[PDB]
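Use the sequences and the hints to build the structure in full.
Each chain, written out:
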Amino acid sequence: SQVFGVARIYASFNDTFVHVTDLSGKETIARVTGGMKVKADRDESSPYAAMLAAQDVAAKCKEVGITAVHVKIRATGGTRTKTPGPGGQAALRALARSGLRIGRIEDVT
Amino acid sequence: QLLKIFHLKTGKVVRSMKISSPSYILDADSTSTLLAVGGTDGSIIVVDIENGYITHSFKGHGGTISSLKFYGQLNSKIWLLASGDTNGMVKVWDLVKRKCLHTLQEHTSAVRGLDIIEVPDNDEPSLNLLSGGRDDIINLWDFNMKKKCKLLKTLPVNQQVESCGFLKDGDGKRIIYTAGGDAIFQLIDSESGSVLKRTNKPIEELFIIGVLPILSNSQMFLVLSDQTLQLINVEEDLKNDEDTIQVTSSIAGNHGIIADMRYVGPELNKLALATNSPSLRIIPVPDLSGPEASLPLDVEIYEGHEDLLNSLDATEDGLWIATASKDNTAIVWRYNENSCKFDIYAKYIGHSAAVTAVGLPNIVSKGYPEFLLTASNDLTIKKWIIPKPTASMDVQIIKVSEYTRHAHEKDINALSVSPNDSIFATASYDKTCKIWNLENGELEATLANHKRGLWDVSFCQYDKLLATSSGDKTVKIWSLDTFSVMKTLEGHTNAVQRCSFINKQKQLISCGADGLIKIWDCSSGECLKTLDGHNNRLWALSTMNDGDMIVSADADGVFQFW
Amino acid sequence: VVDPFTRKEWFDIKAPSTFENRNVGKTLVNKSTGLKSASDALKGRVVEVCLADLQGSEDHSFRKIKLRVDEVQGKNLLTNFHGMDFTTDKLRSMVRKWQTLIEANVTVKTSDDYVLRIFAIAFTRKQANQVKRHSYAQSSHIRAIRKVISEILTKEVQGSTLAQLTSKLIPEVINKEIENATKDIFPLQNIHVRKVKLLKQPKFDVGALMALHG
RNA sequence: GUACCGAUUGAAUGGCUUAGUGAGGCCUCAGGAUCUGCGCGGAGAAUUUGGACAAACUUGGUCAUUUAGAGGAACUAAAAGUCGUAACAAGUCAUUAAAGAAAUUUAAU
RNA sequence: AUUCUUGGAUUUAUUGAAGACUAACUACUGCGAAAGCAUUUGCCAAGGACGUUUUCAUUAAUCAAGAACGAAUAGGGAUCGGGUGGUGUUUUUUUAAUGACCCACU
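Residue numbers (the deposited numbering), protein chains in the order written: chain SP, 11 to 119; chain BC, 83 to 644; chain SC, 20 to 233.
Because the hints were derived from the structure by calculation, they are not lab data. We treat Cβ as the ideally placed atom computed from N, Cα and C, and that holds for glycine. A few of these clues could be false.
[Stated by the list, open to error] Computed cross-link-like contacts, PhoX-like style, restricted to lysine-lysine with a CA-CA straight-line distance of at most 20 Å:
id	chain 1	residue 1	chain 2	residue 2
1	BC	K179	BC	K141
2	SP	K72	SC	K45
3	SP	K92	SC	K109
[What the hints assert, rightly or not] If you want the footprint, here are the derived chain SP segments under chain SC, 3+ residues with CB under 8 Å:
id	stretch
4	27-36
5	106-117
Right under this line is the structure:
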């Protein structure tokens, strides 16, 4: 019924990353991150800037033709802080409020 | 999700369409010239008149719309005449309500511009219907009101189609402008399935195009490009007057970012600029209006380059216009648009790295402006000089072997010639500016008192001072004997990029990363005036002989004067 | 100024037979030209996807399937099995305090010479009316139970490959076969194989690959 | 920076010129990698004796101009620099029809 | 502030390499004189406890010097290992039976 991809939000500390890719994952689309839309170097992982960048990523997504997507959240992990960032919720909140479709999301920490 | 309806040139909102949850891609005007309907990716069609009535809700299919065209008795998009889809299909409808008349399934490739250009009769005794925008093939369509449709021929000799055309009288024997996204537009015949001629001027994807209000074999034709327009001849093949495909004119716009500027005309008239595009735009300064229509030569952009243009420079009369690019060559263009190869004097191959700086020696009438002094990123500077014929006529090899000057370890940023041909100073990133003789190539002077690499050096025209720009937020002025610093100007809140002297030698004008343009005097070292019209970084500078009208460089193509 | 998505191929995914719905999703490749057409170039993308979205039933919310891309025909691309995956949370959930963790693996060659390293994880359960709080194993049971599983793995495999083998994996008959033998020592809980991987596929074999296709 | 005197005739060019150097094609005695053919010919690369036509390249000197220009003296720029002197100024409601699911269009009082 | 970057930084997906370790379970549990000992599997000796109607017969206990390694009063409850008893269970539609479990003792 819908066209699907994966969004794969990488919520790290001091910046949070997103890159909505195809179902294979090798083909990326419209990456632009949260630290890009602010110039203070302190709010690169803030939830307020996370809402602004995820709205722009949701803007470029439907502009291609993609209408539905899943996401795999991802903290830093390994030997690191193992915990998702602040704007990882705010990235997921802003794209869902934009009007996209969500189903069966998971963790890839 | 915005589609706003305006009246006359005030632009006041009559009614705004934002009702449907899918966003609207496109908008067009009716043959009744009062009604309108826009296309979306959800196939939501509503016909709207502006008084306002936003009629009967038509919902009979999904799919996506990427093209629309109307008709005098079936005034709707390609949802009623045919069916723009994501797999390719034609659906026959009526002006009456949502009942489906016929369906037509042929396509194995996605196409949306199924009735992207009309057929006027809709009986077709000798007429046809074209279609293609994504399928990269063109099929000859019949029209049948109570029958199934027929294919006449297909067109596989193309490789990409984005929009189509059809002749106004409808015979198809005349010219048919066919636009394809493969940087190719063609003239085709529909009664034979044969191309007339193919024209490959661009290297960029051809965009969409509407229709000219003109008749058959047209008067002039407008071809869509990036931030520029071109007019082409209407024959391109022996039809009326000429053949052998050409371009009539190429009227230029502006690019957002400007890397360098240089006044071209000998009376300081023409300005050519170097941008990210490999094209030469000669519009701005003698055109106080919008697009170029009043140059005192033929309107045309130049291209001989493979990469972006970093800098450009010319001498006083402007007959030799040297420009620099990343394609490891040097190309010099001629003012009055006449030469032996294309319009290029010569292409200088022999660079080991990219060429980001180029310069002309001082003007007399010839000789020195026939010569060329270019600077590449291979830690050497090259002087192309062949004196016994006229220089810059053919390919020159004089400095590739061992005559190149090498004393650097970091890249050059610019170069500046003196009013005399004796010495010249060049600036680089290794926190020093070096004076070299032009005659032999020996290190005349080395100036190293800096905190950051140097971008621009400028000689004054009574050649008793030297100005240079650094990154410690100061501008440094050194003596003609260069045994001591003359002045040290300080006060810029950011790094300075370019400093230059006025032709009346009264003012030193500074362009830097302030977001601002300041004019300082060369008599007391004080601030004459600060100048504010900008909110972006500055890159280049050019002033005339007078001193009042001064243009600057921005990041959005805004050019200001004072 | 490029805008590449007005140039990109739009494209879909077809799945093999022994499953439920053979349409999976959408990818994008490139415009097919001379000198790197889209088809011949890569062919190596992988789609890891849970089979609960492949079957509809919700008693299989774990057990993702990795897929391998083989042979296309004009927006019709088949795929081959690539490996079995497991969720994160459940292996973080199933390991309870005060119990015994048992794992096993072996490498083996099949009928056609697909060589796979299978995994196998095994956890111990408690019983009714147990008094003590831990109920571990005795570390000589574990030397036996790891050995008992090993011959059960080999008798299953090297006969009638993934067309039947993955079809054995889906209703976890093999895990019950483990339970049928482990009961004479110490019973167990949830046991799964949790992972499989391929390393040594011999050759393409498109003709036998078309046996799953209709 | 311009005009003027001047050594160096240095560099460049022009007139004359000592002297040295010297391309190229032509004929012939020899020389033969090679040719479709009822005892072999057309055709043909290298080398080579002698003879004739022959442009041309280089340096120095004399004299003029420029450039570089020791040395000499003015004009203009720099209203500039410092220091001292001098006075002056200065803060289309309602109801309800007809089309339309709903908006909206028209009518009626 | 340092650092990298359009010869595309970061990230994505693929493969190889390297050294390192056995994440949850992992306990006031078990072993070793301590120093110390947590991946599967195999080999090699060794050790204690338990069981014993097997054997020698005081062969013994503790310690300056010296050696090696190391920086240089009697109950209560729990649990580990072993043993025994079972008006005991369970696995057992498989004939049997290993095993676990629980009661009681040591």
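Hint check results:
no. : hint                 : in the structure
1   : BC:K179 with BC:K141 : holds, 10 Å
2   : SP:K72 with SC:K45   : holds, 15 Å
3   : SP:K92 with SC:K109  : holds, 17 Å
4   : 27-36                : holds (count 5)
5   : 106-117              : holds (count 3)
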